[PDB]
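Novice: Now for the letters of each chain:
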Amino acid sequence: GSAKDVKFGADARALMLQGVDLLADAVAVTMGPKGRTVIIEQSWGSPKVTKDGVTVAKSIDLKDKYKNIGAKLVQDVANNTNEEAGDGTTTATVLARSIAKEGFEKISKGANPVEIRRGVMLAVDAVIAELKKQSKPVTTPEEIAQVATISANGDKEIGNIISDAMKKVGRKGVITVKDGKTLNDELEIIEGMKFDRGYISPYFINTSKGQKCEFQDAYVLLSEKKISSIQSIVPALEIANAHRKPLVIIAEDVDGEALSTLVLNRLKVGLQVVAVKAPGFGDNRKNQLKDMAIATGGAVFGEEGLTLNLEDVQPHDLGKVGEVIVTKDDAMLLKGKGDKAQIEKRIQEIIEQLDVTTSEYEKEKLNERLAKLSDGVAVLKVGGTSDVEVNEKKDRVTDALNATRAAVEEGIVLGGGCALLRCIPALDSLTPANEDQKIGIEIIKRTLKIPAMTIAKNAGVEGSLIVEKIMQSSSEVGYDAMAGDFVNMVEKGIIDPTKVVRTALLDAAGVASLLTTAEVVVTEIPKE
Amino acid sequence: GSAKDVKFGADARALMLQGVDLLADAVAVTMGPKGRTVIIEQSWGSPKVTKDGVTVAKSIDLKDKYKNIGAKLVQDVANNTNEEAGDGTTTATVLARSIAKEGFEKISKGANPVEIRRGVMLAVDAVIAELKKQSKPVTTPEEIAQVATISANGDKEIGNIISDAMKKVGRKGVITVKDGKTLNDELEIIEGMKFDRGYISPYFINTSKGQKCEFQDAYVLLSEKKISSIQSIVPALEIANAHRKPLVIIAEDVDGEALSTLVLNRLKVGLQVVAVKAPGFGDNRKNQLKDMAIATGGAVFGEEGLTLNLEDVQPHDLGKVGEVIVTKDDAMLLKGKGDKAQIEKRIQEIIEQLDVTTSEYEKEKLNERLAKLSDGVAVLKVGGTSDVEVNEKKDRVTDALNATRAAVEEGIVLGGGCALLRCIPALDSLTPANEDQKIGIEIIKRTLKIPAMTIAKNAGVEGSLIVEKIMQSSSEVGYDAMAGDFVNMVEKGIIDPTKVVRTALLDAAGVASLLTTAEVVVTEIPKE
Amino acid sequence: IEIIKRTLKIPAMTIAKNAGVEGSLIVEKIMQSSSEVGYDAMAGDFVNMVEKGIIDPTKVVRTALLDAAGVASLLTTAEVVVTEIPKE
Ligand SMILES: Nc1ncnc2c1ncn2[C@@H]1O[C@H](COP(=O)(O)OP(=O)(O)O)[C@@H](O)[C@H]1O
Ligand SMILES: Nc1ncnc2c1ncn2[C@@H]1O[C@H](COP(=O)(O)OP(=O)(O)O)[C@@H](O)[C@H]1O
Ligand SMILES: [Mg+2]
Ligand SMILES: [Mg+2]
Numbered sequence: 001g002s003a004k005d006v007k008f009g010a011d012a013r014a015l016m017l018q019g020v021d022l023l024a025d026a027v028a029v030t031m032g033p034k035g036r037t038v039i040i041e042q043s044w045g046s047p048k049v050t051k052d053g054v055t056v057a058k059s060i061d062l063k064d065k066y067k068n069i070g071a072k073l074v075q076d077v078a079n080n081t082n083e084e085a086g087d088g089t090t091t092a093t094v095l096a097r098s099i100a101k102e103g104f105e106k107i108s109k110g111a112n113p114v115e116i117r118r119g120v121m122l123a124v125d126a127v128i129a130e131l132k133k134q135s136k137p138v139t140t141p142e143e144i145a146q147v148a149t150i151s152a153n154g155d156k157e158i159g160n161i162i163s164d165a166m167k168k169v170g171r172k173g174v175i176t177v178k179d180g181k182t183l184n185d186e187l188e189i190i191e192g193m194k195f196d197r198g199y200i201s202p203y204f205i206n207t208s209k210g211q212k213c214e215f216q217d218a219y220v221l222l223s224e225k226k227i228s229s230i231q232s233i234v235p236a237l238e239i240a241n242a243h244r245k246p247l248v249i250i251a252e253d254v255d256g257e258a259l260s261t262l263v264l265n266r267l268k269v270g271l272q273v274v275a276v277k278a279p280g281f282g283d284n285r286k287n288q289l290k291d292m293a294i295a296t297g298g299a300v301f302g303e304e305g306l307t308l309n310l311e312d313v314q315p316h317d318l319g320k321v322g323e324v325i326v327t328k329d330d331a332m333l334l335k336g337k338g339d340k341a342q343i344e345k346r347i348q349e350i351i352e353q354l355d356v357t358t359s360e361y362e363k364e365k366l367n368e369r370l371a372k373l374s375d376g377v378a379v380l381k382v383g384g385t386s387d388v389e390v391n392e393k394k395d396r397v398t399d400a401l402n403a404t405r406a407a408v409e410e411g412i413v414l415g416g417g418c419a420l421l422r423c424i425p426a427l428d429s430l431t432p433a434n435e436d437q438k439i440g441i442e443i444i445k446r447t448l449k450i451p452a453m454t455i456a457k458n459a460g461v462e463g464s465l466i467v468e469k470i471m472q473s474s475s476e477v478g479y480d481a482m483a484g485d486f487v488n489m490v491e492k493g494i495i496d497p498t499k500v501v502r503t504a505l506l507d508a509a510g511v512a513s514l515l516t517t518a519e520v521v522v523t524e525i526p527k528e
Numbered sequence: 001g002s003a004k005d006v007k008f009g010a011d012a013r014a015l016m017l018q019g020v021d022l023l024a025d026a027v028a029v030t031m032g033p034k035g036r037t038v039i040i041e042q043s044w045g046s047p048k049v050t051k052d053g054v055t056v057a058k059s060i061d062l063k064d065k066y067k068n069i070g071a072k073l074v075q076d077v078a079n080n081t082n083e084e085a086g087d088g089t090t091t092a093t094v095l096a097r098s099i100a101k102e103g104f105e106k107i108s109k110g111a112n113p114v115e116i117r118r119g120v121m122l123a124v125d126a127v128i129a130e131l132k133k134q135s136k137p138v139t140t141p142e143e144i145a146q147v148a149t150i151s152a153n154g155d156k157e158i159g160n161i162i163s164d165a166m167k168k169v170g171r172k173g174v175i176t177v178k179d180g181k182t183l184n185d186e187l188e189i190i191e192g193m194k195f196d197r198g199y200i201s202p203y204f205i206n207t208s209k210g211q212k213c214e215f216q217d218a219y220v221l222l223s224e225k226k227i228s229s230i231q232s233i234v235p236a237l238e239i240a241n242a243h244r245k246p247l248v249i250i251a252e253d254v255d256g257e258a259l260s261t262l263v264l265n266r267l268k269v270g271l272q273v274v275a276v277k278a279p280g281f282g283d284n285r286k287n288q289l290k291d292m293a294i295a296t297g298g299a300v301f302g303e304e305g306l307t308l309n310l311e312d313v314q315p316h317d318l319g320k321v322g323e324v325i326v327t328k329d330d331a332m333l334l335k336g337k338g339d340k341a342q343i344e345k346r347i348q349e350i351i352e353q354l355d356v357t358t359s360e361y362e363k364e365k366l367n368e369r370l371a372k373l374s375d376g377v378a379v380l381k382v383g384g385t386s387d388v389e390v391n392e393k394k395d396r397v398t399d400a401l402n403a404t405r406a407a408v409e410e411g412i413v414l415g416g417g418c419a420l421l422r423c424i425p426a427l428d429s430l431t432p433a434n435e436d437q438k439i440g441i442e443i444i445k446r447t448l449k450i451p452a453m454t455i456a457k458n459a460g461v462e463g464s465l466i467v468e469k470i471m472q473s474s475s476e477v478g479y480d481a482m483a484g485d486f487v488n489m490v491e492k493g494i495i496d497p498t499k500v501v502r503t504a505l506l507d508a509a510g511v512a513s514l515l516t517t518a519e520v521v522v523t524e525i526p527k528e
Numbered sequence: 441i442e443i444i445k446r447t448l449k450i451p452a453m454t455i456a457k458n459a460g461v462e463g464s465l466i467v468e469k470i471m472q473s474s475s476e477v478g479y480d481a482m483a484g485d486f487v488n489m490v491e492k493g494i495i496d497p498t499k500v501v502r503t504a505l506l507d508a509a510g511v512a513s514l515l516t517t518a519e520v521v522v523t524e525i526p527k528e
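Residue numbers (the deposited numbering), protein chains in the order written: chain H, 1 to 528; chain N, 1 to 528; chain B, 441 to 528.
Don't read these hints as lab results, they were simulated from the structure. Every residue gets a Cβ at the ideal spot worked out from N, C-alpha and C, and that includes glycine. Hints may contain errors.
With a straight-line Cα cutoff of 35 Å, these simulated DSBU-like cross-link-like pairs (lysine-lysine) come out [as the list claims (entries may be wrong)]:
id, chain 1, residue 1, chain 2, residue 2
1, H, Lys394, H, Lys328
2, N, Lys109, H, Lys106
3, N, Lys67, H, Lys67
4, N, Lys335, N, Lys194
5, N, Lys58, H, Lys381
6, B, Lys449, N, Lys492
7, N, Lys106, H, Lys394
8, N, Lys335, H, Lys212
9, H, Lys268, H, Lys328
10, N, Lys168, N, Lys48
11, N, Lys445, N, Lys101
12, N, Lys445, B, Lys469
Label-pair ranges, simulated between beta-carbon atoms [said to hold, decoys possible]:
id, chain 1, residue 1, chain 2, residue 2, range
13, H, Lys527, B, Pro526, 39 to 45 Å
14, H, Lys178, N, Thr307, 41 to 47 Å
15, H, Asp375, N, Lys168, 53 to 59 Å
16, N, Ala433, H, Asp375, 35 to 41 Å
Here are a few chain B residues that face chain N, going by a calculated C-beta distance under 8 Å [said to hold, decoys possible]:
id, residue
17, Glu462
18, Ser464
19, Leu465
20, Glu468
Turn these sequences into a full structure, and let the hints steer you where they fit.
Specialist: Dropping the structure here:
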């Protein structure tokens, strides 16, 4: 194989701890208010200016192999916390460094690091079982705004924007962030059924306005496969002209022959029609056209095992929509007379379909179909002047959004580190089975103080003194590091998701208590 | 990944500030009259000789990684200002260096850089809200000449040329600058409907002059697709010969058969005809031929839905034009009897079509159609003797043109830096919420003096003394650095667009106040 | 004469500079003021001098000016410089 190099004991431990200390000192400055950004050189363009604890962690890679091992084992913690909770990365990294440092001190010749790991895991379980006891659900719409404000680095505009977007879409709706172009932030609630696809021929525009085809009380002809010939298209247009109502033709495509017939009828005698293609690549459109049909009320033509053809249509076989807008890039149906008692059955079908499976993309478009059929979708356009500002503010907005979505499902708990400091009395009743589990419980009991200490440190005050005066205080009092004083929390409005706190703690403890059990380190020699 | 290197605190700040200072000292010499060019080595040919603050900024790239980070964060400022306003790059870069320098001095252990950023942004908002109050619209045609003269580095010929081009085309017309060939500048006003495409066969020339086909009161046959056979071409020529008038044949192309028929009828019986291909290369031609038709009055043949076959034409189906000139590379129709009441509807259609969308190329050809259909288009052929002279003078002309186009939409304000010096009393009423926002407001209050100071510095006098004696003076008095004395501004004729001033200030403040919040810098190893 | 007229402003400028303020602005506002008014860089404001108690010997001022001007105006007259090689 490749020439390798082994290091034993305290040397390898010291190098791994140096790497962890470097990668955790680079990120620990970002914590809390008064924390500070980190400029990462991008290999091609302008650099990133971050405050998150994964970009700062996923970027830092060390030259030395052992320091690099430490850096990788901390990046694993940061990335696991990011994926599992969306937030809690800096806290996870500082907890990991604390458990690693406290781990490479009790490893004597008689100490059993595996039993120390077992004690650490008992302590982590006993503390995440206390977080769930001191937690409380988020009910009022002010708590959502508060969580969004806090997780947005104290940006109250972000909090109000996210709270508004969650009031008009639902606490489990579909909010999404985009690179805005204006100077401020904007909340755009796409309402009704909208798909990113416009009319085919630019002759259907009857608006004398901003390039729109606008219909009221229109019919809908939903075709799965192409409408090629003049034969298939004529009966639907006959029905439309006889009833004297506009017609939208949502199909896979309108061939040049039927297209020519439609445009011809438009420019002369003036049947009111407009045509558009399907929303989704192959399979998604198959379900999405059916959703549109049952939302407006009708039948998709050309289905595989249904045997419905265009040649035999009827006025009760076409969908009915109150208002239709078709621009050059997107079509919006608004008021579908689609027998709500059945669209509700469809909604139950799709919610069960999400509850069954998960692929991070099937569930994505699945939730898209929920929101596109029940209550809109919100989009947050982040204001900014350059790309680096927009990227930083968009990262903060996505973090606040992940936090607000992690609070509504698993409750809130006190913030500023107090959620963990208020769990030390839980560890003070554990009876360790032996000396090693006692050592692990003590490691966790020390590590639970790291977050409040690091926040007070970044605030420019003495951390340990603040943590002590907090633990001496009541249960609802703690430290506001912006005002810099002791306040009630829920009255003042500092809270955090229990999910993010518990996932950060658990991931940090898990990776660090396994790093601390090492005795030999094997690294490939660097050739050049 | 790649082996990286992290630097913390004052070291990283010092290196990034060195990079910013280098990239801003290279560009600060270019400011104002008495400012000086910069010779940039081109990798392939003769070097550039610039005075703009983006070529000098986009060129400079530093060896060291941290200096390079500073240089990139200043290039972003210059480039954003260039894209958003077309001018204001040197000012934006000097403001960015001032804000960065004033930012890397107040960062003590207790100072909160994010609150300093917030205070800086409040100050920038309060000052751009004062620029808009002390502004005033540009109304007389002498203010346009003045703005063009000033932004052209005080070249009055450029100002008069741009003012003339804007009087004969409209303040929102289509002016464009080209590399001239003569020694002087030239204003060429392409009038009527002209497209860069000449006759097909060199037998239609009936001029006995400079290779031109010249018709008076001619018919126009507009065909979307090719005219292949003699069958389709014969009836139009029958109508033309019967009425005894010339005929122009604007089609996608003239096949060899109809072409041979045309050339034969031209050479043997001397029938007056001339043929040309369509102007638009692709989809654009389908709209441009329709525009030409409605401008002259007729129907484009071969349209998809408006079938209108060539075989059934009539004398009212052909366009009519007063004068036609067709050379070997361009055709010009001049006086189209096109029922102006309908071409006005077309103009409204195309103006709404620009108001709807934006792609930097669809809007480009869109405005091209507006100008080519309403009041022609002006071109500015810049003189010069070598390519480097022509390039420098062309850059100055494009900057003067961008300035004049940014002044006519958002008003003018005093110049020489006085626009910003007259905004400090606005900052003198801000009540900062805390100490950090107060620090930010003070940073902006110091930064607002940088432009007048740098101009007086380049003029060879004491900057700060000039700025002080300006602030002591009245509201309309300021410093003329060419005459070198204090004068009224609008009376003497120094003004700048409020858009360029506000965009430069806002972009500089935005990028600099985010650079100043950094605590750690991560850069890839320079390996080789 | 113009070189000396520019050089006479250097001391007040350097004092205002070390005090953390703008030197040239202070020198200008001093030259605009009366003959007994000047700048106190500790209190940082304009005061009468003998009333406030700032004075210097004319001997030290004149000797400093004369020695500086003398050596500098001879340094500025050079055209060639000859230096021993730095061998090792
Ligand atoms: N005013 C505040 N006072 C005390 N703690 C705060 C305050 N604002 C935010 N925090 C705490 O800082 C953390 C949120 O920001 P941050 O330090 O970046 O953590 P993360 O890396 O997980 O996003 C939470 O622990 C939060 O409770
Ligand atoms: N005679 C003048 N006197 C004072 N300021 C002037 C004069 N001419 C131009 N300026 C100022 O110089 C700037 C225009 O040229 P320049 O310094 O290169 O700025 P930019 O890089 O944005 O083009 C403006 O601030 C303008 O007000
Ligand atoms: Mg967070
Ligand atoms: Mg300019």
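Novice: Evaluate each hint against the coordinates.
Specialist: Consistency of the hints with the structure:
At most 35 Å may separate the alpha-carbon atoms for a hinted pair to count; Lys394 (chain H) and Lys328 (chain H) meet this at roughly 28 Å. The suggested pairing of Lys109 (chain N) with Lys106 (chain H) holds, with an alpha-carbon distance near 34 Å, which does not exceed 35 Å. Using a Cα cut-off of 35 Å, the hinted pair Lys67 (chain N) and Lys67 (chain H) holds, with the two alpha carbons roughly 27 Å apart. Between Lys335 (chain N) and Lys194 (chain N), the direct Cα distance comes to roughly 12 Å. Compliance with the 35 Å bound is thereby established for this hinted pair.
A distance of roughly 29 Å separates the Cα atoms of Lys58 (chain N) and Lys381 (chain H); the hinted pair therefore holds under the 35 Å criterion. For the given pair, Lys449 (chain B) sits about 34 Å from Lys492 (chain N) by alpha-carbon distance, which is consistent with the 35 Å threshold. Between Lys106 (chain N) and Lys394 (chain H) the alpha-carbon distance is near 27 Å, which keeps this suggested pair within the 35 Å criterion. Of the supplied pair hints, the one linking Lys335 (chain N) and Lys212 (chain H) holds, its CA atoms being roughly 33 Å apart against a limit of 35 Å.
Only pairs whose Cα atoms come within 35 Å are accepted, and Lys268 (chain H) paired with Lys328 (chain H) is accepted, the gap being roughly 22 Å. Using a Cα cut-off of 35 Å, the hinted pair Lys168 (chain N) and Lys48 (chain N) holds, with the two alpha carbons roughly 33 Å apart. For the hint linking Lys445 (chain N) to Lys101 (chain N), the alpha-carbon distance of about 14 Å falls within 35 Å, and the restraint holds. Between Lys445 (chain N) and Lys469 (chain B), the direct Cα distance comes to roughly 21 Å. Compliance with the 35 Å bound is thereby established for this hinted pair.
About 43 Å separates the C-beta atoms of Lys527 (chain H) and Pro526 (chain B), a value consistent with the hinted range of 39 to 45 Å. The given range of 41 to 47 Å is respected by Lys178 (chain H) and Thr307 (chain N), whose C-beta atoms sit roughly 44 Å from each other. Taking 53 to 59 Å as the suggested C-beta distance range, the pair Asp375 (chain H) and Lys168 (chain N) conforms, at roughly 56 Å. A beta carbon spacing of about 37 Å between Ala433 (chain N) and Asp375 (chain H) agrees with the range 35 to 41 Å that was offered as a hint.
For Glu462 (chain B), the shortest C-beta to C-beta distance to chain N is roughly 5 Å, which falls under 8 Å, so the interface hint holds. A least Cβ separation of about 5 Å between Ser464 (chain B) and chain N falls short of the 8 Å threshold, and the interface hint therefore holds. Interface restraint check: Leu465 (chain B) against chain N, minimum CB-CB distance 6 Å, threshold 8 Å, status holds. About 6 Å separates the beta-carbon of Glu468 (chain B) from the nearest beta-carbon of chain N, less than 8 Å, and the hint is met.
Consistency note: the structure conflicts with none of the earlier hints.
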